[PDB]
Each structure stands twice: as structure tokens, then as C-alpha cells.
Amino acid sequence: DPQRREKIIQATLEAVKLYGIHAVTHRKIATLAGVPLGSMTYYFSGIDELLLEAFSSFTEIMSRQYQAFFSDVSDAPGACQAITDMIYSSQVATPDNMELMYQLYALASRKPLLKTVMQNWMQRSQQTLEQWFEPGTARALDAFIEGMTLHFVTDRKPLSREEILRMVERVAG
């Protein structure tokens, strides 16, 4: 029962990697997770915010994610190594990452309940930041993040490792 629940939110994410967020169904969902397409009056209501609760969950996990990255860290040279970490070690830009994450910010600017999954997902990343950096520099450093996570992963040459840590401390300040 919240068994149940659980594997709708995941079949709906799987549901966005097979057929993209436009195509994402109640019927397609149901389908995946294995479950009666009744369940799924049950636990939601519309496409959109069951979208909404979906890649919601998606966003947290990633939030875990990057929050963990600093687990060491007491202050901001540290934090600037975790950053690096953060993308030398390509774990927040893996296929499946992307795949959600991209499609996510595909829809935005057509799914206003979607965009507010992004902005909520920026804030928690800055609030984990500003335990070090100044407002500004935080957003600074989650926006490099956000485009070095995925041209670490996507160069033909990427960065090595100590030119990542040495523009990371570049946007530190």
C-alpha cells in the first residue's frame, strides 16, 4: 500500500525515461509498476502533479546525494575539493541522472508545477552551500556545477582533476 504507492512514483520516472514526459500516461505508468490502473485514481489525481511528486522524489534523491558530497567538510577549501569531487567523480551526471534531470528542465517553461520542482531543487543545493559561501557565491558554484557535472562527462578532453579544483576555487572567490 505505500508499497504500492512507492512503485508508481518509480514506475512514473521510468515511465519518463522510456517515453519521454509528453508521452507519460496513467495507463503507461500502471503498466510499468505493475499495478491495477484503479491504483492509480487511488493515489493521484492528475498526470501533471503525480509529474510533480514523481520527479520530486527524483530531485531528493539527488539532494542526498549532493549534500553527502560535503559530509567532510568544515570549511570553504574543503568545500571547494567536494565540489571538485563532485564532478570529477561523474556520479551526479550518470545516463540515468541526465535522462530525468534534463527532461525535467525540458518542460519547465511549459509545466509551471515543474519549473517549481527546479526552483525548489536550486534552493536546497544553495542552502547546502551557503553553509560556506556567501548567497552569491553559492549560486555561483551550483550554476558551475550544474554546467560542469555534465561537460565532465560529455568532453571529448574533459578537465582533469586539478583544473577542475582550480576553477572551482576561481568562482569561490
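Here, rigid core means the biggest group of C-alpha atoms that superpose within 1.5 Å across both forms. Residue numbers count along the first chain shown, from 1. Compared with the form deposited in another entry:
- Candidate set 137, 31, 67, 127; criterion, C-alpha shift of 2 Å or more between these two forms after rigid-core fit; matching residue, 31.
- With a cut-off of 2 Å and the rigid core superposed, residue 146 has a Cα displacement that falls short of the cut-off between these two forms.
- Core-superposed comparison between these two forms: CA of residue 112 displaced by less than 2 Å.
- When two forms of a protein are overlaid on their rigid core, residues whose CA moves 2 Å or more are considered shifted, and residue 89 is not one of them between these two forms.
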Second form
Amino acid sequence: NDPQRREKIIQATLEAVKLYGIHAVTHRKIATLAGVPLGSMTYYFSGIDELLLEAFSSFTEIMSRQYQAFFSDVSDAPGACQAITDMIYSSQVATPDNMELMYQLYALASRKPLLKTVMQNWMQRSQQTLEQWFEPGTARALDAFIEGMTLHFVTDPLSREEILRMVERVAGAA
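Return the form deposited in another entry of this protein as a structure block, the form deposited in one PDB entry having already been given.
So it's only the chain below, everything else dropped.
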């Protein structure tokens, strides 16, 4: 079955999306990107749509891990305000490759429900992280504020000390 080469194909599909367009993603294009035979495409996946769904799925699991990374050294809610600030301060550069792919996924999800399922599982994770030090009502508000705050750079402001003080107000703690 060869799990590593299945992973490669998903990697190469993702790479074939950020590079050219999802409209352009074909079996041949991905196989030549993955350095793999045409047959492996049909052996592992039932169709381009299962493949795209898996690649987007894996893209969001990457993000989730890039997300909970910021909470490595967080014991407490005050440290969690700091990690949130770090994350919003740090991801002001770069690159809008992920964010570009992600806004593509938000819009596509509103008319492809398998993809919406994947989006939901991705946000469950973010909220679950925050609930380690906040109650859901605060976790939910902080998640939304983090997501909106990130947008407000993808168009283009603003100091760490200032980002921290907005976070601290959305959290009201300590």
C-alpha cells in the first residue's frame, strides 16, 4: 500500500494548488509533481475530488499544528493572552500562500459540504486549544477576534503592546 507515497501525492496536490489553480489540478499534473506513476493516482484515490478533499483536509491539520505551537509554553490564561498576541503579531509576515488557500476554502465550503465538514473539524481544534484556559464563550470570542485580526493585515498598524491590550480586553483576564 505504501503510506509514504500516499502522503507524497497529497503533498504534491497541495503544492499543485498553491502554485497553479485548483481548476487546473489533474491526475497527470499531480503524478508528475509527486514523481509517481499515473496508476498510483487511481490506486490510492477514487477521483480528483477525493484527492482534493484529502489535500485540503491535510492543509488544515498543518495549520492546527502551526496554531497549537504558539501554546507550547503556556501554563495560564495570562500566558495564553501572550501566545495569542505572539501569533497575531508574528503572522504579519509571511507569506499569504496559506491565507490565500484558506480564503479560497471558506468560499468553496459554502457550496461543497464535504469541504465544510473539514473546515468545521479545523475550527473545533482551535476552540479546543483556547478552552484549556478559557470558558467557551471567551474561547469563541477570542477565536473570532484572532481570525478577524489576521484578515486586518492581509489587506494592511500595529504594536505588540497594542495587540496584547485588545486580546486582554476580549478575554477580560487576568
